[PDB]
Structures are given as C-alpha cells and as structure tokens.
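Start from the sequences and build out the full structure, keeping to the hints where you can.
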Amino acid sequence: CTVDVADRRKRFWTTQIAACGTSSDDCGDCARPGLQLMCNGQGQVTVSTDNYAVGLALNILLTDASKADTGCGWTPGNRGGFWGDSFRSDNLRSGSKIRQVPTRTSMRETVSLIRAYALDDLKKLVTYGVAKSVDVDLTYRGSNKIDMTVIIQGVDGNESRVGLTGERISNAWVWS
Amino acid sequence: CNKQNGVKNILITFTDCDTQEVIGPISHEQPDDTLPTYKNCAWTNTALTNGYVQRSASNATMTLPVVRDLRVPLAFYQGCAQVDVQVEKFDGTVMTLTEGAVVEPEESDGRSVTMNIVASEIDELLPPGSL
Amino acid sequence: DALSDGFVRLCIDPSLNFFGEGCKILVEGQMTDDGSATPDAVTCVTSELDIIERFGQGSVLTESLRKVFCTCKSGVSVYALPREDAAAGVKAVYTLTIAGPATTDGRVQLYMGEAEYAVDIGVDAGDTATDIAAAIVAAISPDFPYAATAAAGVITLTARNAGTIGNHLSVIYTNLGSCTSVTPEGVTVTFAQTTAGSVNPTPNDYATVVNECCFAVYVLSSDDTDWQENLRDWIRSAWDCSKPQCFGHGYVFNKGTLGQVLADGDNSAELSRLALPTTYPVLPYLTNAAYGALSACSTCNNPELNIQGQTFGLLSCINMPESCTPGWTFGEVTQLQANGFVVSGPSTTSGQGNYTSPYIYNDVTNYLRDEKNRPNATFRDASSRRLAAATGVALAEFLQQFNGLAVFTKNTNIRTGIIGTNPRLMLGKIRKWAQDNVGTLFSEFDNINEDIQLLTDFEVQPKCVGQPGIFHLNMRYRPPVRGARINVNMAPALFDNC
Amino acid sequence: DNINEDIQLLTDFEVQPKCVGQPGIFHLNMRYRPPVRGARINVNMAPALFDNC
Amino acid sequence: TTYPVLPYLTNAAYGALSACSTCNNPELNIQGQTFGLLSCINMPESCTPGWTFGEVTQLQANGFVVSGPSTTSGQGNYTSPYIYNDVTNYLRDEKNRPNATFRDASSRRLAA
Numbered sequence: 003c004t005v006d007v008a009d010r011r012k013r014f015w016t017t018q019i020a021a022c023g024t025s026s027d028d029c030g031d032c033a034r035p036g037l038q039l040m041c042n043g044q045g046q047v048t049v050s051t052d053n054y055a056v057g058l059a060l061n062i063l064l065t066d067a068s069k070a071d072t073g074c075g076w077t078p079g080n081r082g083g084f085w086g087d088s089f090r091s092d093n094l095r096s097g098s099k100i101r102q103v104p105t106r107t108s109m110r111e112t113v114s115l116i117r118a119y120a121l122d123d124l125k126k127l128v129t130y131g132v133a134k135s136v137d138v139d140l141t142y143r144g145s146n147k148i149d150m151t152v153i154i155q156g157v158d159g160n161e162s163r164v165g166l167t168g169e170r171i172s173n174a175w176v177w178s
Numbered sequence: 003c004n005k006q007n008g009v010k011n012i013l014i015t016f017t018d019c020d021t022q023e024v025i026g027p028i029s030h031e032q033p034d035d036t037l038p039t040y041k042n043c044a045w046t047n048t049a050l051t052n053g054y055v056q057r058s059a060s061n062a063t064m065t066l067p068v069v070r071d072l073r074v075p076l077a078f079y080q081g082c083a084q085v086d087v088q089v090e091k092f093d094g095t096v097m098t099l100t101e102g103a104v105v106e107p108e109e110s111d112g113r114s115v116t117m118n119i120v121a122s123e124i125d126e127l128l129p130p131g132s133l
Numbered sequence: 004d005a006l007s008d009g010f011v012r013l014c015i016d017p018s019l020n021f022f023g024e025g026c027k028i029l030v031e032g033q034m035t036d037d038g039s040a041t042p043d044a045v046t047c048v049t050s051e052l053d054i055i056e057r058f059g060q061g062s063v064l065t066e067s068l069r070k071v072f073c074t075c076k077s078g079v080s081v082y083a084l085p086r087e088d089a090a091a092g093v094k095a096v097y098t099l100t101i102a103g104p105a106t107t108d109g110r111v112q113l114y115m116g117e118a119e120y121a122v123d124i125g126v127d128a129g130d131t132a133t134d135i136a137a138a139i140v141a142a143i144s145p146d147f148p149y150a151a152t153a154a155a156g157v158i159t160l161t162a163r164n165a166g167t168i169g170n171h172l173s174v175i176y177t178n179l180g181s182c183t184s185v186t187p188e189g190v191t192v193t194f195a196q197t198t199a200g201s202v203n204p205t206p207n208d209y210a211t212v213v214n215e216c217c218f219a220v221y222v223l224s225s226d227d228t229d230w231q232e233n234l235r236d237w238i239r240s241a242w243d244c245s246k247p248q249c250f251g252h253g254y255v256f257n258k259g260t261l262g263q264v265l266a267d268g269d270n271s272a273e274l275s276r277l278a279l280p281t282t283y284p285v286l287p288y289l290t291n292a293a294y295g296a297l298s299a300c301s302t303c304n305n306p307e308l309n310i311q312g313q314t315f316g317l318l319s320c321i322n323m324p325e326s327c328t329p330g331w332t333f334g335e336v337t338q339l340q341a342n343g344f345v346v347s348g349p350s351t352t353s354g355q356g357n358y359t360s361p362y363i364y365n366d367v368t369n370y371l372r373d374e375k376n377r378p379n380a381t382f383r384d385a386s387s388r389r390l391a392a393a394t395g396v397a398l399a400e401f402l403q404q405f406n407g408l409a410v411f412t413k414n415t416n417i418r419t420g421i422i423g424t425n426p427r428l429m430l431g432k433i434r435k436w437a438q439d440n441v442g443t444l445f446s447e448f449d450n451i452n453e454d455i456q457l458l459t460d461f462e463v464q465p466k467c468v469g470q471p472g473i474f475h476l477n478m479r480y481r482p483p484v485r486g487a488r489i490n491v492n493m494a495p496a497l498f499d500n501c
Numbered sequence: 449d450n451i452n453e454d455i456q457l458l459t460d461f462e463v464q465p466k467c468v469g470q471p472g473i474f475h476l477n478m479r480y481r482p483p484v485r486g487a488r489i490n491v492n493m494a495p496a497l498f499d500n501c
Numbered sequence: 281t282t283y284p285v286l287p288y289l290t291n292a293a294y295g296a297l298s299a300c301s302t303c304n305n306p307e308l309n310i311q312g313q314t315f316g317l318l319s320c321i322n323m324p325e326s327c328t329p330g331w332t333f334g335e336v337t338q339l340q341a342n343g344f345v346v347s348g349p350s351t352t353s354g355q356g357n358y359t360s361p362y363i364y365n366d367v368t369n370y371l372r373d374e375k376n377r378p379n380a381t382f383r384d385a386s387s388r389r390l391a392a
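Chains as they are written, first to last, in the entry's author numbering: chain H1, 3 to 178; chain g1, 3 to 133; chain k1, 4 to 501; chain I1, 449 to 501; chain m1, 281 to 392.
Derived from the structure by calculation, the hints contain no laboratory data.
C-beta atoms are modelled at their ideal positions from N, C-alpha and C, and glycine is treated no differently.
It is possible that some hints are incorrect.
[As the list claims (entries may be wrong)] So, partial list: chain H1 residues that the calculated Cβ filter (under 7 Å) puts toward chain k1:
hint: 1; residue: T24
hint: 2; residue: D31
hint: 3; residue: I100
[What the hints assert, rightly or not] Under the rule of at most 20 Å between Cα atoms (straight-line distance), these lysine to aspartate or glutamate pairs were calculated in the EDC-like manner:
hint: 4; chain 1: k1; residue 1: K76; chain 2: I1; residue 2: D499
hint: 5; chain 1: k1; residue 1: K76; chain 2: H1; residue 2: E161
hint: 6; chain 1: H1; residue 1: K125; chain 2: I1; residue 2: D499
hint: 7; chain 1: g1; residue 1: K91; chain 2: g1; residue 2: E123
hint: 8; chain 1: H1; residue 1: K125; chain 2: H1; residue 2: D66
hint: 9; chain 1: k1; residue 1: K435; chain 2: g1; residue 2: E101
hint: 10; chain 1: k1; residue 1: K76; chain 2: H1; residue 2: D137
hint: 11; chain 1: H1; residue 1: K99; chain 2: k1; residue 2: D4
hint: 12; chain 1: k1; residue 1: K246; chain 2: k1; residue 2: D208
[What the hints assert, rightly or not] Computed footprint of chain k1 on chain m1, listed as stretches where at least three residues anywhere in the stretch have a Cβ under 8 Å from a Cβ of chain k1:
hint: 13; segment: 299-312
hint: 14; segment: 323-330
hint: 15; segment: 346-357
Structure representation (structure tokens):
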C-alpha cells in the first residue's frame with residue numbers, strides 16, 4: 003500500500019547523444035548518436051534508458067519525413083516516412099523535414115525557413131505530452147554555419163505546484 | 003557664442019537589412035538653410051468640447067533634410083535600411099534617435115534627401131542647467 | 004554521410020548542457036579518505052551517480068552535492084572543491100542507549116539528520132535491547148554522515164569527518180516514549196553526546212586554486228568563522244577596482260543562540276548568513292546547500308528574482324517534522340531580520356510531528372552599513388547585488404562601439420564624411436541607453452541631467468597631465484524599486500448629507 | 449561577396465604599357481561563385497528540468 | 281613560462297593578421313575581441329592565466345605585447361588567444377625623454 007507512490011511504469015531503450023562517439027572529419031566533430039550499453043559487475047550488459055525527451059528529439063530530428071507531392075514524382079523507395087504511421091491513432095506523421103528545405107539565396111531566408119521547419123517538427127514533443135515549451139534559438143548567417151541550440155522544458159514526477167494555467171503533461175513520468 | 007540657432011553635427015548610422023552590417027556613424031551636412039524638425043510627445047491631443055481633450059497615440063517624429071553621402075547607396079536613405087540619427091545644434095541641444103524607420107520616401111535627384119523618420123521616442127539633451 | 008539525399012546537413016553538438024556553463028556553482032566542503040578526488044583543487048561534477056566514489060561515502064561534501072543535485076536537476080554546472088580533513092581532528096562521537104526488553108510488538112522509527120536518513124524497523128515482543136540496537140544499526144542509512152556501531156544495546160555514532168561539523172546533531176525524533184499506534188512497550192532511549200568537536204581546516208589559498216576562473220555562487224559547508232572570513236575576503240577581492248572583475252556571491256550559515264548569531268555577523272556585503280536556532284533538526288549544511296543551489300539555478304538569466312516566499316523560496320529537498328516551539332521566536336525573528344540575517348521557517352502549519360518543508364524569508368545579504376559608517380540599504384537585497392553585476396557587464400558591453408572610434412574634442416566639429424564623435428554625442432548616446440533600460444536594470448531616475456556625467460581626461464587630471472582618448476563615465480543609479488508603503492486611514496461616517 | 453571589387457572593366461589603353469594599347473579593346477575581369485546549396489547547422493540540444501517562467 | 285602553444289606559431293599568426301588587415305587601412309590597431317583575434321591558434325582552457333595581472337600591467341608599461349584567452353570557460357574545450365595593446369617597444373625618446381609618439385604600431389604605419 004503506502005509504498006504506492008512509485009509508478010510501476012518503466013522506460014525502454016533511449017537513443018543518446020555521442021553514444022557511438024565523435025567522428026572527426028576536419029570540418030568539426032559530430033556526435034554519431036546510438037544506443038548506450040551499460041555494463042555490470044559480472045558481464046551482463048544492458049541498454050541505457052536515460053534522457054527520454056532528448057531521445058525523442060533525436061528520433062524526430064534525425065529521420066526523414068514524407069516528401070511533398072510534385073509533378074516530377076519520387077522514386078518508389080525514396081519518398082520518406084515510416085510505414086508504421088499507417089497504424090497509429092493520433093493522426094500524425096513521423097520524422098522531420100529540415101533536410102527538405104527549398105534552398106534559396108539570401109541565407110537569412112533560409113535561416114527563417116529552417117527555423118519554421120525545426121519548430122513545427124519539434125512541436126510534436128508537446129503534442130505527444132513529453133515536454134511543455136520546447137523552443138529553438140537558431141541565430142547565425144556566416145557563410146553557411148548555423149547554431150541551433152534547443153531547449154526542452156520538463157517537469158518532475160510529483161506535482162509540486164498548485165494553480166497552473168496549462169494541464170500537466172500526460173507523460174510526466176518520463177521526467178521530461 | 004551659444005547664441006546661434008543652427009545645426010552643428012549630424013551623425014547617421016546605417017544598418018543593412020539583409021546583412022545586418024553596421025555602417026557609420028558618418029557625419030553629414032545640410033543642403034540648404036532648412037533645419038531638421040522634431041516632435042517628441044507620443045500622445046497627441048484633439049479638442050472635444052467646452053474644455054476637454056481626446057487623446058490619441060502616435061510616434062516620435064523627425065524630419066531630416068540631408069545631403070547624400072557618395073559612399074552610401076541612395077536606397078539607404080529611402081527606407082531600405084535601418085537608421086540611427088543624432089543631431090547636435092549650436093546652442094548645445096542633442097537629439098538622439100535609434101531604431102528609426104524612413105517612413106515616406108520620395109524622388110530625389112541624387113544629392114539632397116529629406117528623410118521622414120519615426121521612432122518610439124526621441125531623447126533630448128538640454129544644455130547644462132534645466133528645469 | 005555520403006548516403007544522404009538532400010543538402011541541409013545537420014551536425015549535432017557532441018553533448019548537451021549548453022544552456023548552462025554560465026551559472027557555475029562552487030560547493031566547498033570536506034571529504035573522506037575513500038574518495039578518489041585530489042584535495043584542494045576545483046573539479047566539476049557532472050552527475051549524481053559518481054559522487055560517492057569521488058568524494059567518499061557519507062562525507063560532508065558528498066551530501067552538499069546531493070542536495071545541489073536534488074534542488075534543480077539542470078540549468079547549472081556544479082564544481083566541487085574538496086577539502087581534506089585536519090591533521091589533529093578528533094571525530095565527534097554520540098551515544099544512543101536503548102533499554103528494553105519489549106513486551107508488545109510494533110515499529111521503531113527514528114529521524115536523524117533529515118528525512119532521507121530516517122530509519123524504521125519492526126520489533127517483536129520479548130526482544131532484548133541488544134537485538135533492537137543491532138537491527139537499528141543494520142538499517143541505518145550508509146550515507147548518513149555518522150558511522151554507526153552497536154554493542155550490548157548501546158549505539159555509537161562517530162562522525163565521518165573530523166571537526167566541529169560533527170556537533171550539529173542534537174535533536175533526534177524518536178517514536179519510543181509515546182502512545183503512537185505502533186510502540187514496543189518497554190523500550191526507551193537516551194541521547195548522550197559523549198565526545199566533542201575538534202580543529203577545522205583553515206586553508207586560505209583561494210588565489211592559487213581559483214584566481215581568474217569566475218564563478219556565480221559559492222557555497223560553504225562549514226561553520227568555522229575564520230574559514231567563512233577567508234571566503235568573504237576572496238569574494239570581496241573578486242569585486243575590486245584593480246583587476247577585471249569576476250562578480251560572485253557566497254552562502255554560509257551560523258547556528259546557535261541569538262546572541263551568538265548576532266555576534267558571528269559583520270558588514271560583509273558579499274555573503275548571506277543563514278541564522279539557524281540551537282535545536283535545528285536538519286544538519287545545517289544540507290539546508291545551506293539547498294538554499295544556495297536554488298538561488299544559483301533560478302537566478303541565472305533572471306537576476307532580479309528575489310528568492311523568498313513559499314513559491315520562489317521553497318526548499319523542496321528538505322523535510323522536517325514540526326516542533327512544539329517555533330525555533331526562532333517572533334521577537335528573535337525580527338531581531339535577525341534587522342541585522343541582515345536570512346531566516347528560514349516552515350511553510351505549512353502542520354502540528355507536532357507531521358513533516359513539512361522550510362522556506363526562506365528576506366533573501367538579503369549581510370550588508371547593513373556603508374563606507375564611512377553611514378547606514379544604507381543599497382546592497383541589502385541579494386538581487387541588488389546580482390543587478391549591480393549585470394548592469395556592469397551590460398554597460399561595458401554597450402560601450403564597446405566607441406573602441407577605436409575617432410573622437411573630436413577641442414573642436415567638436417566632425418567634418419563631412421568622418422566617422423568620428425565628440426563627448427556631447429557620446430553622452431547623449433549613453434544617456435539614451437540608460438533611460439532605455441529603466442524597468443529592467445534601473446529605477447526611473449532622480450535627475451538624469453546630473454546623474455550621468457561623461458568627462459574627458461583632459462579636464463579631470465591637472466594641466467599637461469591628461470592623455471588623449473581616455474574618458475570618465477560617472478553614473479549614479481538605483482535598482483528597480485518594488486512594493487509600496489500605503490497608509491490607510493479608515494473612518495466611518497454615520498451622518499450623511501451628500 | 450563584394451560586387452564593387454568583383455567586376456572590373458578596364459580599357460586596353462591603361463593595361464598595356466604606354467604607347468602600346470589599341471583602340472576598341474577592353475578587359476573585363478569578373479570573379480563569381482556558383483549558387484550555394486545546403487547549410488551546416490550545429491545543433492546544441494539540451495534539456496531543462498528546472499522552470500522559472 | 282607555461283605557454284602551451286609553440287611560440288613561433290602565435291608569433292607568425294599575429295604577424296600575418298597585422299599584415300592582412302591593415303595594409304589597406306593603416307590606422308586600425310590589432311586589438312580587442314573583434315580585431316585582435318588569432319583564430320588559427322587554439323589553446324586548451326585553463327583557470328590560471330599565465331601572467332598574473334600584476335605582471336600584465338608591468339609588461340604593458342615596458343612596451344610589450346601581452347596575450348590572453350578569449351573565453352576562459354573553465355574546462356570544456358579549446359579557446360583562441362587574443363592580444364591586448366598592439367604597441368611597440370618605444371619607451372623613451374632619442375635624447376632620453378619618455379614619450380609615446382611611437383608607442384602603438386598604428387602611429388608607425390601612419391607616419392610612414
């Protein structure tokens with residue numbers, strides 16, 4: 003009984019930044035995310051399950067969404083997306099489309115376009131009920147360099163504040 | 003001296019719109035004897051009846067007749083760039099204005115421009131000693 | 004990747020924590036010998052899973068760090084400064100005597116330190132005191148800052164860190180001498196405090212350890228007033244006019260009776276004393292570190308936020324059972340408010356027992372007099388200090404556009420085409436920047452005509468001593484004011500007349 | 449990048465040495481760059497458990 | 281004495297910068313966070329910054345160029361150095377008198 007206060011809900015494997023190490027290519031150092039294997043005292047490895055929200059954000063940013071219908075067409079196998087979206091019930095798509103920007107001159111317009119796309123795609127974190135106020139701060143024009151820091155606002159696993167305007171996220175058990 | 007109604011210094015700082023490159027503050031000079039004119043009060047009154055007033059909202063306005071610099075494109079003086087203006091008269095007053103917006107462009111032969119700039123508020127410096 | 008399709012190529016930053024790295028908090032305290040950290044050297048702490056192996060199990064610092072992590076999970080990067088125990092330190096030893104034998108079953112509950120170290124065991128009838136003590140010692144939390152042993156029903160708690168930080172546990176909350184619905188009938192306890200505190204580390208080497216490595220919030224987990232005075236001297240040196248500043252603020256505590264607390268304070272404008280009564284349940288450095296971490300990680304980009312009140316100044320990681328007397332009596336509370344002392348009190352009115360959570364009133368610094376002994380209130384509020392720092396950085400960042408700009412004094416007649424300026428124009432621009440930040444950095448003003456002065460070096464130094472290009476910007480401001488002092492004059496009127 | 453010093457049109461009378469140029473000949477120097485495509489965004493993802501509105 | 285970067289590297293970087301940014305504009309000093317930034321030199325971060333401020337001002341006084349970091353970011357990554365006081369080693373005049381006519385290098389390029 004009284005023990006109750008701890009959800010029996012668990013978390014599955016989570017993709018993590020720099021799980022497979024950096025990859026230098028003389029332009030900089032990338033992250034190459036993947037799955038982190040946590041070892042034990044006596045063999046018995048196990049996949050890690052931390053940073054759930056960042057895991058969803060990586061799953062969203064780093065997967066191509068469906069392309070838009072053009073008169074040119076697409077190769078049967080290049081039109082992006084996931085067939086598993088045919089079975090979900092929330093009536094949404096899976097992935098992002100930052101890599102589908104219609105490039106143009108005057109890189110300020112390209113920056114604004116990428117901002118719009120990244121924000122529209124990351125809003126699915128709030129729509130799923132995992133964060134509350136995800137937001138981006140994409141600001142640069144350089145030659146082509148761009149910085150795109152992302153903030154994923156979260157909660158705790160026990161409602162400690164009374165009288166909020168919104169409504170507790172539906173999945174505040176991941177701790178966001 | 004301090005007894006001469008006239009403009010002494012005009013500094014204009016241009017900010018390109020699509021590159022955010024700051025240019026200036028370049029000095030500037032008048033094309034003729036007409037001086038720049040100002041208006042600071044944001045709310046503008048209007049008469050109503052026996053003694054009362056109806057109050058409207060407006061901008062801090064400035065009219066600046068200036069001679070185009072041959073190093074700056076003409077379009078910078080006609081609403082295609084953000085401007086920061088600073089005018090110092092001979093009696094000591096200094097009017098600064100930042101984040102302006104040239105609001106009403108008009109045809110100019112290529113030398114003399116008349117910029118109509120609107121901002122949120124204009125700052126006034128008032129020679130030492132003031133009530 | 005070559006296999007990719009489009010052209011926009013994202014390059015994820017190697018790791019997260021970007022939005023921090025600007026709110027560094029240095030937690031200072033002692034560590035045990037189990038730890039693998041090099042003493043007397045600042046070293047950051049990323050996560051909570053590796054403080055026990057780095058700073059030893061159950062040490063003083065290993066729990067300050069735990070409270071700093073519990074308080075706010077992200078937003079800051081914490082740096083631990085471990086300090087080795089003193090050479091001639093004698094660990095403080097407490098004795099806890101248990102007398103049986105029990106006659107009816109029940110539960111034995113004890114509250115040592117805070118709620119995280121609480122213990123709760125089951126006791127059958129006919130059990131002897133030796134078995135009760137053995138069970139207690141077998142269920143005592145291993146992170147408790149006291150190695151616990153048992154012998155013939157007598158429990159000995161030996162402080163894991165040698166020094167006077169072992170003398171701050173004197174109020175244990177048992178469940179054995181009452182009528183609670185679970186009570187081994189025939190079991191009593193006794194608190195002893197056999198040995199006593201000792202000599203404390205007095206390092207005084209902050210210059211060498213951290214010199215130009217600017218921090219935001221220093222937390223001290225010790226009560227030796229000389230160590231607090233060394234920390235105050237460091238933070239005061241950091242706000243100097245000689246070297247470029249690394250603004251900061253420090254958090255210490257001072258536990259004892261009213262006179263002792265009023266005696267430990269001074270005009271140290273850089274610290275924030277936390278007055279704690281003699282019978283405080285929580286180990287003092289725990290609540291000190293909770294307050295320090297909350298202050299450090301809520302006021303990163305909001306430097307005007309005052310940390311005081313039941314919402315913004317709540318210490319959620321602290322859970323105390325209430326007491327008969329309210330610790331500080333109201334008279335003593337006001338006495339402490341007056342002499343720049345922070346006071347913490349319980350939020351809910353829950354009655355005896357009945358866990359609660361302390362919060363902070365008057366988030367103020369220990370600054371009550373000025374230079375030349377003239378009383379003030381400029382640096383009393385702890386937000387006024389953060390706003391002084393922010394005003395400095397913002398003004399100095401704004402003034403950068405005049406670097407290398409041609410300056411025309413003695414003629415103030417910049418020609419047509421030059422990109423120069425003169426002191427009147429610089430003063431105009433600065434005055435506009437100032438009256439532009441009214442409401443975010445400054446109060447309204449009092450007289451902006453003579454509050455802000457821009458003089459040229461050629462008219463301050465004596466004749467033929469000034470240098471060309473040097474300037475002098477003298478500003479006088481007031482941080483944004485808050486609240487009012489309205490005076491009501493309520494008066495009825497039975498007669499009427501309209 | 450800077451169209452003022454990217455396009456130059458000089459006359460042959462001022463390129464060759466004196467009394468060597470011919471009338472009518474010009475010299476057009478242009479320095480260009482083909483249209484650029486794509487970007488090099490640097491994501492800096494970081495969560496935030498605390499909240500201070 | 282504890283400089284991490286090989287000396288001639290930063291010396292040549294400073295020399296090239298001062299030659300590719302001033303030869304068409306012989307008035308601006310190689311100085312400050314924007315102009316005097318040696319982007320090709322990368323040092324590891326550190327909190328003890330070589331010259332203490334006392335030594336720094338002592339060197340500024342005796343006509344020496346001093347260099348510091350540009351981020352002092354504790355322990356996260358490399359940072360580019362940065363020069364102060366783009367000056368020359370001209371303390372006192374030819375007779376013996378002290379004067380600053382040839383103190384900063386832009387005065388030299390301007391005289392030329």
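Checklist entry - Which numbered conditions among the earlier hints are violated in the structure presented, ordered from lowest to highest? => result Failing hints: none at all.
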